[PDB]
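Only one chain is included here, represented as structure tokens and corresponding to the form deposited without the named molecule.
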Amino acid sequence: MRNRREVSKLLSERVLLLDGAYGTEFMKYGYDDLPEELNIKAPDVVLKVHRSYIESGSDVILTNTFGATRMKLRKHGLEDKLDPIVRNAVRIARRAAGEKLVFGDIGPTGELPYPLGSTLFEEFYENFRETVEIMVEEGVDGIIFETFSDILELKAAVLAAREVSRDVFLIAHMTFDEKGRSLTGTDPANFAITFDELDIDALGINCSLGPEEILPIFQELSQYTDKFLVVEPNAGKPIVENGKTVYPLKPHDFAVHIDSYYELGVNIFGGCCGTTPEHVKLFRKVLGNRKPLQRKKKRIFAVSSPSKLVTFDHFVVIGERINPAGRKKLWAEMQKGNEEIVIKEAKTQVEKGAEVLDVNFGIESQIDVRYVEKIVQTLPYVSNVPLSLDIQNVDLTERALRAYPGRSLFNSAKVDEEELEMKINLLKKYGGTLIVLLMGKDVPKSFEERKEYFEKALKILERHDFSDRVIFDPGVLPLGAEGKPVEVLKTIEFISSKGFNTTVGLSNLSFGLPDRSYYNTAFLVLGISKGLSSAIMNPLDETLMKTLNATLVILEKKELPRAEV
């Protein structure tokens, strides 16, 4: 009953105020039932608390639906009460809301994504789709995913929501500990980078930390995103007055941070665990009828994993081993569905220095589609490093981009009008970066030719505003096929001059000749000197790795291992 343009037009005009805890407010009225159940067993309390806040000055209240999802309600055997639980909630809230805003509040299922758990991107996606549909029907003024602790789950949630409506105002939230990490690893910047390019309207933090510890965390985020920001700290560092649970921070020692958050560009302020209508009554005062600030997001090219954020601000070793396309061995297994052999090759390369893993599925037509989706999701957790998805088929590309936990590096996309625009789209929808391989109908042979391809891809890239999301691959040829590698170098330089990142299929140079390791090492050094910022290579080639490291030290792009005597 209110689109996202409206809701933004408002947020741009003035900083909004949210509400505090509800569970603890139900506790005060003797109700200890699952808060989401009081929508059926005692709508009065629910209506009361919503009022306690709207009076304290809240401009937006969250529907009493945090645990309102199939997967969660199921743990408390309520899978069947889901429909009315939510509908009442929106209605109960809509009541106290009055003229204010009502946001559907959706919390995390509380299940870990496989392997840390046993849930696949699909189960999550479908889980959140169901509820987000109930709410959108009921006319919520937006939807907010609070306290999420895993980019994969939160990714499913946002995609599901957005699949339901392209007009409802969306808000994604993650919760970090004091170390600045999520449950599975995402730090503020990762989260920020990974989720900014998704069709959500705002990002934010809530719970786990008081207004104090949350301040810097909120800043890291505010720096890597231009979307609206929301924050809802706890009520100070948790303690136990009777061994139970008590939040110290008073309405004054709390409401005094509003200033600090205001300057970091916040748009919506509220409170989590320990916050009461009292606090909000002050927030209303300390805050006032202000107007939001600006900050300009610091641009940065990086891919991510649930736990690691790789920035192309140094040489990025892209592991090449997981490639059944070229290994008749690994392909035989992976086709059979072996997940172990793949998780192993993954772990090995990371140990040796690979910061990103390139994964390809060999003969795409004969590979179990559900296996791809399971591996695509799995690796990032058992390897800790991002993945360079080496798919070719458009259909596999999508089934894979969806399930990938984070911001991926998508391998391949020739400079073909169609393929490009088709790949750009998939990425704009699921997020990610693109490896544009300088070659069209057929392979270019000269530095001149490659430049025409580059020049062309640029036109297409700008045309779709996606030039800030690409790494260029000049295309390497085997020496024993008249490669003329000096032409690829002239290209690496040319692109690196224009301001782009570059990678090469290093092992392409020597296929078909002995002492492959030498030509590779040689080429890499030469390549790096010309600008090459990354290279799908074999981290297991020790000499290549060492010579590489040496090269970087020499070039002042990394530093000393400790001089002796």
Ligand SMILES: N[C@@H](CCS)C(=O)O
Contents of the next structure:
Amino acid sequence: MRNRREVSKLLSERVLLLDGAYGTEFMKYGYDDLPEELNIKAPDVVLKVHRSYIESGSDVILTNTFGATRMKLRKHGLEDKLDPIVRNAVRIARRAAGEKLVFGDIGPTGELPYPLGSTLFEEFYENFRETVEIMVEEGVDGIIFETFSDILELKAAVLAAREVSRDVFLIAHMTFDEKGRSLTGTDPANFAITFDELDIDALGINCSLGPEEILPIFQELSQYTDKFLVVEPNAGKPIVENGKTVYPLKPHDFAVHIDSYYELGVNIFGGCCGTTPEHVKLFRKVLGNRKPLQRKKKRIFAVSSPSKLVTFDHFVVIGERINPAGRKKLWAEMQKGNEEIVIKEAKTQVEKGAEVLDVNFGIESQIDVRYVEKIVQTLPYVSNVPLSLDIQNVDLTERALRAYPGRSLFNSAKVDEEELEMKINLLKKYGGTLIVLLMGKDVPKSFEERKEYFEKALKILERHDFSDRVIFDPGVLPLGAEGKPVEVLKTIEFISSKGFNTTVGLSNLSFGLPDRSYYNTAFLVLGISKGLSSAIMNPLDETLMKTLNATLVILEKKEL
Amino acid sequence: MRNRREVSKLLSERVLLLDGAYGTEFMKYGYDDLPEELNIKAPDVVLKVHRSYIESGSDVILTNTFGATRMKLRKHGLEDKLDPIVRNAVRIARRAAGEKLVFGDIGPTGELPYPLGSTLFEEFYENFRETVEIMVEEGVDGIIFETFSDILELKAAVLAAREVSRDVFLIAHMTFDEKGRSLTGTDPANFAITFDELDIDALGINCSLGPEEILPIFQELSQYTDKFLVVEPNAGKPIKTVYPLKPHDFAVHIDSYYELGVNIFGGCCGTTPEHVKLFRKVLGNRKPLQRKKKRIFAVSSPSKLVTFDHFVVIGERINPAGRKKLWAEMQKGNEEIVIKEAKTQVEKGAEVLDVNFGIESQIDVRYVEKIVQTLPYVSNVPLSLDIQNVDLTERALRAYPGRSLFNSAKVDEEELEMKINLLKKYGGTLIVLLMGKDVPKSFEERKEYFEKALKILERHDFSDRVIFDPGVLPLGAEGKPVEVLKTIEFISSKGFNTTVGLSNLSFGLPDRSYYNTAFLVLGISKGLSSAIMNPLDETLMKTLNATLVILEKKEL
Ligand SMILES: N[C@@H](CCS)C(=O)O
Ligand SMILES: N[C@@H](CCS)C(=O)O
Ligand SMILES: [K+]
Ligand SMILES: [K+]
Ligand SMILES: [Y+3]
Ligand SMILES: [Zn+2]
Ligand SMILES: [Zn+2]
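For comparison with the form deposited without the named molecule, produce the structure of the form solved in complex with the named molecule.
After this comes the whole thing, all chains and molecules, with the earlier chain placed first.
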């Protein structure tokens, strides 16, 4: 068993060759059984296939465990054979490989996450945890999650693997259709942006498409991560001939693509379904001995849901409405675990132009933690958009972040050493960006005071290597409570000038005032003129939204 | 006959004494006839009274003609005696004065301007012109309009006088009540700003109040004009014979008027030669004090002075373009509809009203002259006169009761000289639109027009009487409002007021209220000081108020 430090060192020195397909090989040997069952029924066939790749020059082989998790095995009446299936697979692969690397191979369950399917984050997490336990015990040199179609299920798999072992080399893959999207809508930039910041060692792509079709998809992935890169295309895109799936790409026509992947920074190259030992033999000759290429990676501030990447390069409307403050009905209904009411609020806001939704659960001791976990998992699927998680309690925050399907915005940390560090650390573990509110020991009462908090924040951020993952909220105070909005506008202009995104809790300005719509509208227009890049605001306020649109058109940021 | 250069020279050297009352003196000697009639019926009594004031120390005497104009004499069956009344008055005053100054004295007619009464501007103008001609013929050293209560009537008088003679020394007075207001609502700063820029030589106050009561009113007047200042307080309310304010107490106020820059001091109703004797003893020989006037940019109506030290809403609605019904009433000379539109806009927050007559050549000038005179009285607020025809421009400016804003000259040598000259003659301020031969598109293009304009305005000494309009183009027609916003910020940085025709931004687009609002907020954030806009748009107006509250230009 090699740990992640050893494997990373090896990769830094040499581009490695993976193996070909297993599922599409076994039939050629007269075995059409579920591949994982062969680990018990015919371990000799499994050994032969591994050896076929070792003898073709592979540096790494995958264990015969693609469908070996409880949730998937259950569908085939084999759940009670998890332990021997996985143990035998690892033992067989180790026998074939000798000193070569063995990666524990885990695919997805075929179960969609709730609300598309019935499955909650917690169930996927425990499912992947149990297979990874066996693999780590049996001494794998890494874990690879192949052919994932949904980011929540993949996030669960990575987090479960990392909780079993902080030392194992961990590789996360998605598979993409010909339009460059996963089943639940994630494009390669979103995949990269979301997963780069988790404690995985490598990202990659396998299956669905051939080497030609993957290239631009892989290029986009490579632009947004600095982690190691893996690719395993099919031997051409699958076609049906005389009632069977055929992968028509021959060894030379597949191998010619190696250079193009190498140029994009590939670290491990292999093949998925349709790839045979004949392909791998040629890959071995063509790849030879190469040091991988350095890349940087584009840096962007973006948040995501499964189907939407929201980049802060245009004004971002953050819908404020999922917040039970002053909403007696919503508050009562949240406490009873009503999902439909919150779902309706989400969809309406998006229909009216919210691109991200703030979600707050009021007096958090009064709310069921399981309802928070379900709401957070559900809204990005049903409403399509990313969330701003507006949570006070650090424990509940951890629950929400662990279960969030994408890269969230976390609403909010004040400028306090202890509070900032706690919230930063949670985001470092589970992914995400942070709103930093410019107040602390007290509430600022001028531009200069806000500027001092901003600089204190930057010092704490730099120390935690977190400066690129923040948006600043200068702290809008109520007009009727000596709010002094000119001071906020000065602060917006100042922070924008420094290259940071900004947001405000817009509706705070007009709290306790009649004609709040007009105060909110006037303030938003002024803020945008100073560089304000987003706002938590009411998208159902038609005057606010129409004036916003007019403002963006006028300032040449969009439209007609 | 001294000319105004001669009289000014004298005033620059010494504070002069006027005379006391005539009307109340003639009454007290038992003459209950109109004072002006005595020029025919008892010339020796007129001569006696003038002589008593000269002996008492007056440097200047007033001709006995206070009520001697055609419109006033007609109310007494005496209009056919205008000519002999005024000529005898001047001849008698000259006999009395010797080398001393004789000013032709003209008071108001007692007729209110339409619509408070029935008199139009032109009728007042003709009335004063006739009396000034006779006085100038007979050789006065000046003309003084005493005891005026209305700024339109006074404007007619001063323009009439100046049409007769550009050389005669001209003094314009208003009389103010205890609240510092003329009958039709003009306060001393309004009076000063409106009349200072007309071609008069002095401004002043007489009657209605005593020396003490006039002092703060006179101080206000003194702060807003650099011209010569005159005062003639009355001797209080009589309680008919016996007036309360006697020579010694009246005269002890002279020092306070001297310290405020007074140039001629006299007395009005109830004062006597014995008062003047004391003015002489108290004043002696003093050079007048120098002063620096406060400088502001302001427009006016009889009852309102609007200073551009806060955001000014200029109502756009009296404009028949795209409005078939309004236009049909304008063409049939309907006054009531325009009045209703004016009133509603002011009710909604308009502080100035833009007034445009559409296809001007299809509109009766009488109607225009009538609307222009009427609206400031009934609606209370100043007008932005939005007129293209240069002849109609002259008639509207001439008849306008106050200091107007004139809606628009482009940056063009010929057009500017034309408009500037009319405004120099009739009073007023100018919107200068930043286009010329070509409509500009960029910020630097607009800046070039601005500095072209500044060079033209500086050579005409008109720099201080302009608002700049950067020229807003419709968004659907390659507008680029960002260029306009940059121009506003620049012009503001140079200390100049700005305006825009707001509704042009959103011409042809849907949801125009939202584009108008967004641009207005953005403009204000850059220094925009006014806009021609729709005060009936609740969204616009409420968002405007919010903007000013947020930016600390006004309280919650
Ligand atoms: N490692 C798996 C991939 C299935 S998509 C196999 O080769 O069968
Ligand atoms: N000069 C006139 C003024 C009357 S207000 C007079 O002395 O009678
Ligand atoms: K493989
Ligand atoms: K007098
Ligand atoms: Y620490
Ligand atoms: Zn595959
Ligand atoms: Zn008098």
